[PDB]
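Remarks on the structure that follows.
Note that one protein chain is taken out, while the other chains of the complex remain in position.
Chains here go by letter, A, B, C and D, matching the order in which they are written, and residues are numbered from 1 within each.
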Amino acid sequence: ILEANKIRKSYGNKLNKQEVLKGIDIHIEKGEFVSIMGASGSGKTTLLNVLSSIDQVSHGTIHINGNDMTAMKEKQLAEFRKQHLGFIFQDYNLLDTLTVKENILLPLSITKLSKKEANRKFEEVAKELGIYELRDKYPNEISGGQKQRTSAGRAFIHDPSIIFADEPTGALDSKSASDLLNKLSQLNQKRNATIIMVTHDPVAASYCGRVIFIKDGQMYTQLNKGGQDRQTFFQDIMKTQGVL
Amino acid sequence: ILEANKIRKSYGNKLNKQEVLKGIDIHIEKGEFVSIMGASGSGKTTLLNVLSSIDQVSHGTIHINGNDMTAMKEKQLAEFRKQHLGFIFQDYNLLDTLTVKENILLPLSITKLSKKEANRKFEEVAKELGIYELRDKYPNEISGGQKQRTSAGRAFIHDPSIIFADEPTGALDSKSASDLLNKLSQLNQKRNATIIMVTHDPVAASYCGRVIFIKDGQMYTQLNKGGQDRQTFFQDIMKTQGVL
Amino acid sequence: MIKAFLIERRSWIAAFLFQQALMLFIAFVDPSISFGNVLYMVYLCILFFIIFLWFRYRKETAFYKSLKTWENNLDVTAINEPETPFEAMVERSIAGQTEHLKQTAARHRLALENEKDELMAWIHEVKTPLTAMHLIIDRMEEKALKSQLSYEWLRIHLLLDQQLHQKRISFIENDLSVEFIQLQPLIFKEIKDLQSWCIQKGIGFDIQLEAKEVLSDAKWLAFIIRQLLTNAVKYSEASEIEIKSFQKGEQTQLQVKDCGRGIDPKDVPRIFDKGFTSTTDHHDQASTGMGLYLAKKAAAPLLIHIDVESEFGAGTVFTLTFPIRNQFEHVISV
Amino acid sequence: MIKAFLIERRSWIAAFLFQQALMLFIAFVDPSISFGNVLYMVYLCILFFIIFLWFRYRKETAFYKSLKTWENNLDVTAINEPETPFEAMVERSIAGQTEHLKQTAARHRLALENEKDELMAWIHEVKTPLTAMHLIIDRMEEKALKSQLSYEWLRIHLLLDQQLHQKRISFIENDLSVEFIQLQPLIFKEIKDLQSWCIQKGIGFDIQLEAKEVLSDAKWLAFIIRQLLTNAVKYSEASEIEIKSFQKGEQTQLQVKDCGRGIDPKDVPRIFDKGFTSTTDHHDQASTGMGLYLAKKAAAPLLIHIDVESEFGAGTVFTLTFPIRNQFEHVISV
Partner (left out) sequence: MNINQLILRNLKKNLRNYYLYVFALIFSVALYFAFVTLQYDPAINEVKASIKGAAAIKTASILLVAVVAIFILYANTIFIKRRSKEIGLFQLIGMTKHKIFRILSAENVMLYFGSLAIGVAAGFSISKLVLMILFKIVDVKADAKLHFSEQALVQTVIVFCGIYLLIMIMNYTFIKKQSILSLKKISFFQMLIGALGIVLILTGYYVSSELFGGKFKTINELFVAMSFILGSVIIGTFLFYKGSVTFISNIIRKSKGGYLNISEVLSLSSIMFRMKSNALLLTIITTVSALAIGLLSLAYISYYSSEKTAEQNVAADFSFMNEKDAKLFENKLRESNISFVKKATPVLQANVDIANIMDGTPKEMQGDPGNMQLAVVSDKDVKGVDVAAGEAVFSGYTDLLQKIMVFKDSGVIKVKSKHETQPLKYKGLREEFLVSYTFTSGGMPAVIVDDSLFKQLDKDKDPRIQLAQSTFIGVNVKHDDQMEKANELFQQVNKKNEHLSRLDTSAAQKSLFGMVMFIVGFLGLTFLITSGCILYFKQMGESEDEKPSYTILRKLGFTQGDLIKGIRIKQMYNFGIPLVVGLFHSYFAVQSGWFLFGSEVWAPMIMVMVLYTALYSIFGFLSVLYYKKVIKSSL
């Protein structure tokens, strides 16, 4: 979908200034599960901020599905992200005074849409994720993995195109993380939607198909999987990270 | 030590019942290094859970060291499972505000072992796993291949009867995995400690003495090894996996 | 639930109100305590009492409502966590009685298992005599009496096999074994099983199989074929039964056609019903009317469709519609 | 329950004491209200509160003791009659759970009894073709083939009779019919029943019945005698079986003695065990080992004692002690 061309972020508080982003070139296609790995100090959070266009971009040309991110205003940018983009965060952000159905239907209740389509979307999503049986409970009485799965289900209800995602393994153990990654991989194949994980855990990135290693900027040095068995690829990822 | 008599487990939400344990019967003598492996949607994980006290039973009886665990109330069950049954987890489960000498010595604080013999026991345990040089290094300063040997050392000090390991070598490279397995085998050989391991890695199961192939909650043959080479047992396990 | 709380704790409010009334009445008469400075005390006490009652209502009238919510509908876990000792005793008694119910259910399951074991024991203790009788019978020299004995023995064997398949169809889903089957040897074996009845009734078979391969469960398909052939032989006299297998598009089929009495059209749709018997002939009393039901029920998981074209006085056509090969890939893989 | 009562009602005594303290303080801080009168009234109200607490405790801590003695005992009527509304809810919960238990248990038992009735109906439907085979086969001319076929048919019929008596032994008490039984015709009928086995094995019989009449039920006693004679014939070869009945004391004693292989002394106490089989020979594997158990269990309601005396390699003696005539009067009275 998008293209990265000399992606740079400006700074300059007081006198000291850092060049965190030194030009980024990324080419990805529909129906991919690209992961952007790396090492601490490379501004991965700033990479998300620039990629998501939450912060005002300094330089570089990026075209989200044929539309430049410098070609629209603030309100236009907000409308574009709310109509074309979805988010999943590290710490689940679910209101504790709502239910597992209203939490998922909240983003689609501020769009003036009839009840039948919303009900159909909720049914299909909760059936494909496995939380439909818990359709009217509260987030104060469900386990750790189901809360993250509900947070992921929020971003899949308004038919987006790119699913941005911070580390979805920070506060999860092995079983919950494996189940969530398997569910995300299953959801990727059904409807075309790119997922861009940015994690520092090889286990969570071993379910991907395209890993990028960033030390200070444009580095590439990427693997491509292809026909591996999720184990040799895991060892290759660990080896190529250990070399750096 | 372990002896189970026709255990049975049904996982149901009071509307749909789907039994996953269908009459498992196992027989482990004292001080052998056995393993459980096979399939991916089978009940081997639930088998390991039901063998210990982490999960209850529907139909059956299980004996550990003669004592019976099925007919026990939660208080007695918890006390007994604290006094024995060392645990090695898939994830580290380490407290980040303590050292290596305190993480593996906190559980031994409800037995009143004074200080000198406690320090002597810690030295004894740490001289065999090669972590005696890390008595004052916080967990966020050592590599990921030693934060698992720390957990093993924690699980070996109180001298339990049966040690339940649930996929220890799941997130390590080949060198650290081999070193940890060799240390575990030496610990088993020196002091007679029964170790029950669940694994998907044939190399991990190669070091064992017996293997059990749980298939859809059944037996489906059982290897015995004996006076056999490690490599030859490895190809034997590979052929058995190829059959299944 | 205000009235229940007021009535239940009705003897405690009376004490406080009695004390207030007594104090007011005594202060009224005594010419040493002023009356204008005791209504203030009563007023403050009244506010404290009312606020205390309101704050005590809601912490107490909760568990006895949760029990009523739990009472009938659902949510076995709906009972709240007890706090007061009385709640703890009520909850522990209820949990103990539920555990006793679970134990009773377990005893029922054990009794069922024992009954099944005894039934299987009788099954083998009965199946051995039929083999012994067959071995002894295969030495006779006489013609007519041997034919009658073979007729009776085959009837007994077929009834016992039907009972065995009826008992096994509860767990057939765990006994399914689908492979390529040669139709001609299976049909020959079934005919050899029915040799006595066919010889006695003078019924031959015209075997013309264009299609020679099927994909189904060999044992249950053989049972269905044997039952269909037995029914066709029994309902026909001195007639030839035609057996033809053809490739209908991508699906395999096998046809069994007899020139017997047939089935009345008002009874044709009900032939596959469990225990359905035709009352036209007195000879149908000996027929259990349950072999066809077993055949159709076993054909359901094998994706075999049975179509009947029966005309009275002409015959009945039974067709087994075998499925496509790729339709078994969703069964083998999952 | 005093500690429990004073830990559940710790929120009302505190309110009472706080109200008393508030009254005392407001009286103290005013000049127009004498303190001594208020002190006296506080004292009197404290004493009356003590007495009131005693009465309310004695009245209130009863129903929960009744329910706690209900949970683990053998009396459903342990729960007392509820009087306050906060007990009727617990009573309704217990009543509903008991009703559900009873309904489920009754339905399950009814279903299993219907299953058993259908099973015995199938037993009858299986035993009828055996009689049909016997009727067809009782026209033989070859002696050896007829002897072998009759031996096998008699074995099958004996097995079916054993199974039927196994089914009926649970309700033999509802089948008892006390009447005088002529021993000689019954023994002659039993001997005629086992003629084929003796013919094949060359076994003779000698009848010496000092006592001719006994008091028991015809069918069950005949079944027991048939089981004993069948076991004696099966365990003996080319030997004479001695059937003797004599009156010892006030009871009639029937002795069955054969000259067969006998019973091992180590296995003598275990012959009456359920399902016991002889481990010395593999020919006894096909023996069910349940006829003796059925006969012994059915002999108890008939007040008949089964005594056995066996010697290894010499013979086995079975003794049946018929009851006294007056011992059945108590059974007839009930």
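Everything below uses one rule, namely that a residue touches a chain if its C-beta (ideal position, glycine included) is under 8 Å from a C-beta of that chain, and two chains touch if they have at least 3 such contacts.
Novice: So which of B:8, B:59, B:63 or B:81 would be touching the chain we can't see?
Specialist: Of the listed residues, the one touching the omitted chain is B:81.
Novice: From the listed residues B:55, B:102 or B:159, report the one that touches the chain absent from this view.
Specialist: The one listed residue touching the chain not shown is B:102.
Novice: Check the options A:102, A:123 or A:124 and report the residue that touches the missing chain.
Specialist: The one listed residue touching the chain not shown is A:102.
Novice: Which of C:4, C:15, C:44 or C:53 touches the chain that is not shown?
Specialist: Of the listed residues, the one touching the omitted chain is C:44.
Novice: Among D:30, D:267 or D:309, which one touches the chain that has been omitted from the display?
Specialist: From the options D:30, D:267 or D:309, the contact with the absent chain belongs to D:30.
Novice: In the complete complex, which positions of chain D touch the hidden chain?
Specialist: Here the touching residues of chain D are 26, 29-31.
Novice: Quickly run down the residues of chain A that touch the omitted chain.
Specialist: Spelled out for chain A, the touching residues are 49, 54, 78, 81-82, 87, 89, 91, 93, 95-97, 102, 105-107, 109-110, 140, 171.
Novice: Could you please point out the chain C residues that touch the chain left off the display?
Specialist: Missing-chain contacts on chain C: residues 40, 43-44, 47.
Criterion: only the chains that are shown with their structure count from here on.
Novice: Centre to centre, by mean C-alpha position, how many angstrom separate chain A and chain D?
Specialist: 69
Novice: Compute the distance, rounded to whole Å, between the mean C-alpha positions of chain A and chain C.
Specialist: About 47 Å separates the centre of chain A from that of chain C.
Novice: Which residue numbers or ranges of chain D touch two or more of the other chains?
Specialist: Answer for chain D, listing residues that touch two or more other chains: there are none.
Novice: Per the contact definition, I'd like the list of chain A residues that touch chain B in the complex.
Specialist: Touch residues, chain A against chain B: 133, 173-175, 202-203, 235, 238-239, 242.
Novice: Using the touch definition from the top, list the residues of chain D that touch chain C in their complex.
Specialist: For chain D paired with chain C, touching residues are 4, 7-8, 11-12, 15-16, 18-19, 22-23, 26-27, 30, 32-34, 37, 41, 45, 49, 52, 56, 64, 67-68, 70-72, 84-86, 89-90, 92-94, 96-98, 100-101, 104-105, 108, 112, 115, 119, 122, 126, 129, 132-133, 136-137, 139, 145, 148-149, 152, 156, 159, 163, 286, 288.
Novice: Provide the residue numbers of chain B that touch chain A in the complex, in ascending order.
Specialist: 13, 90-91, 170-171, 173-174
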